[PDB]
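One chain follows as structure tokens, the form solved without this ligand.
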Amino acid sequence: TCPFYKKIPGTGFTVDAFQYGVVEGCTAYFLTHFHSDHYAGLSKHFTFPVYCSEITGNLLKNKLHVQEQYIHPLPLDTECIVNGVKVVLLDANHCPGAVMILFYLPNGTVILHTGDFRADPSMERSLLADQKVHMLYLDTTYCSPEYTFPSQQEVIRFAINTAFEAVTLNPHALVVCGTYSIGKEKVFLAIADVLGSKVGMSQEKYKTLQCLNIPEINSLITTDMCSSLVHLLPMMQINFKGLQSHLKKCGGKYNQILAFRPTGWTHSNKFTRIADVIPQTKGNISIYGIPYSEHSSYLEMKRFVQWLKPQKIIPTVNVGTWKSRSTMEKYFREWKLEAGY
């Protein structure tokens, strides 16, 4: 049964609620982004209207085979009417195609559902500037002050400089990057651009990337692994055993691997600066864990909420324990007392 924090009151709508069967009273299912915890339950047998971004709708049709007649893609930054209710989709600064949804209820209530997001000051000049929000359904993934990490631009500077140094010292080194979902494509695209290479990958991952409307993508990726010195592998294979095995497969073209695991936060964040990050090494294999996040840090989240000044906050992440819920409620009250709303 569908939890309350997936339901939009005063509408027929749900958000990211496909794993509960037919939800009573739901006339339109919204999907914020193509991550498995959120799409869980969708398939070619789904026969209700799904509302989403264009990129999300390319992935539903090509990867999950949802039939076209049930996909309703909406343009961003554009007022649209869905089943009698005005909605707007906004860029969430998460993975490709990810949105926040603004719902203008028939009684005058305005609701923002962030989906998954990485808050940014650029959001203070979107269509959110223009009116008051009564209720915020908030991605609280990293809602505690221990969660710090650098900007995405500092992380990509570290990765490019590390890869370019290694391959210029040893032209026979291979770079490997882990992946298990869409998102974080800048990691491997920026490294392949500094090296003058395409990114090589499996046919299944090439298919997924071809749904993303990334400009000039045919110039940047390939299924011909032999032609590429940046390879993408499943995240589970980014370990010494899995990398040794991959290096065997390349037929003596390479004699070293430098590998990247873009994680979110790890507790090495509480001690080490990006500048000071070092790899784990075994023989001719090195593995870097780099803190590339597509969710808000604590400080980014706090700034967004203190700017928006919502009347009520409903967390959508970390809701399953009483200790998490009480922690989060305490921070919300601090933020509201400090800012004065």
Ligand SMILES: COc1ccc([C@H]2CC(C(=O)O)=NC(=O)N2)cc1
Contents of the next structure:
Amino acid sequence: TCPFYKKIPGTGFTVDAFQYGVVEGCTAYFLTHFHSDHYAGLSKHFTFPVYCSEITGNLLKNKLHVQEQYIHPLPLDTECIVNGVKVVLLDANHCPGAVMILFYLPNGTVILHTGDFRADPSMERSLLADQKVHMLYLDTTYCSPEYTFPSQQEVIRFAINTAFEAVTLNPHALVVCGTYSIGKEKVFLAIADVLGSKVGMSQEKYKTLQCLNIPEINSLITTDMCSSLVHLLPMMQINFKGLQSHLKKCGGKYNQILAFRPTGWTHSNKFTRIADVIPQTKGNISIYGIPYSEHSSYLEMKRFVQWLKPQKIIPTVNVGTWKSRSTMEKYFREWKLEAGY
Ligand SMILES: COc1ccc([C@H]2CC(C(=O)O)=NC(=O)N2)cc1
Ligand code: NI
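Can you swap the form solved without this ligand for the form deposited with this ligand bound?
Full assembly next; the chain just shown is listed first.
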């Protein structure tokens, strides 16, 4: 049964609701972005209209083999009509093709669904500033004051300087970056740029990157794991045993691994700065866990909501326990009292 926080009242619309079969009354299925728990259930035998960004559309067509007749790509920052309802897609600052959706209901109410997002002040200068929002469906992944992490730009700076230093000292060192399906591409593309290298990867990952509208992408990537000093592996394999095994396959081209595991958050952030981050090392392999988040920090989330001043907030993450629900409700109340709305 599709839960209430994936349903848009006064429409036939759902959001990221593809693992429930045919939802009763749903005339259009919106997909905010191509991450697994959000698209889980889509396949080549889906027969209902999907509305999404152009990049998400490319991925549905090529990775999942969804028939072209069911993919409805919409441009960003543009007033569109879907089944008689005005909608706008906004960049979510999450992963390639990820959007937030504004719905303008027939009764005059306006709803913003954030999808997954990392809130930023630049969002204040989009079509969002043009009207009042009555309901907000909010990505509450890190809705607690202990979640601090640096900006993405500080984290990339750290990664670039670390990698450049290691390969300048040892020209036979290899850099490895852990990955999921999409998101955090800037980590490996920025490192490879400073090293003057292409990025080595699996055929399936190569195919994914071809779907993302990155300029000159086919010059930056390869499946040749011997003519590349930056390689991608599944996040699962970023550990001493997986990396030892990987070094064996490269055929005496490399004698050292520097690896990055670009997670969301690690509690070590609490009492330690980005300059202070130290690797785990065993012999010729070092592993850095870096807090490259594609979700809002507590403070980013707070500032966004206090600017928007919604009448009602519906959380879409951490909704499964009484404690979690209660804790989020308390923060929303503090935010409202502080700002005076
Ligand atoms: C139930 O009421 C509260 C819940 C959380 C806090 C946090 C949050 C905060 C902030 O958001 O600036 N400032 C704090 O010092 N503590 C304060 C009151
Ligand atoms: Ni996501």
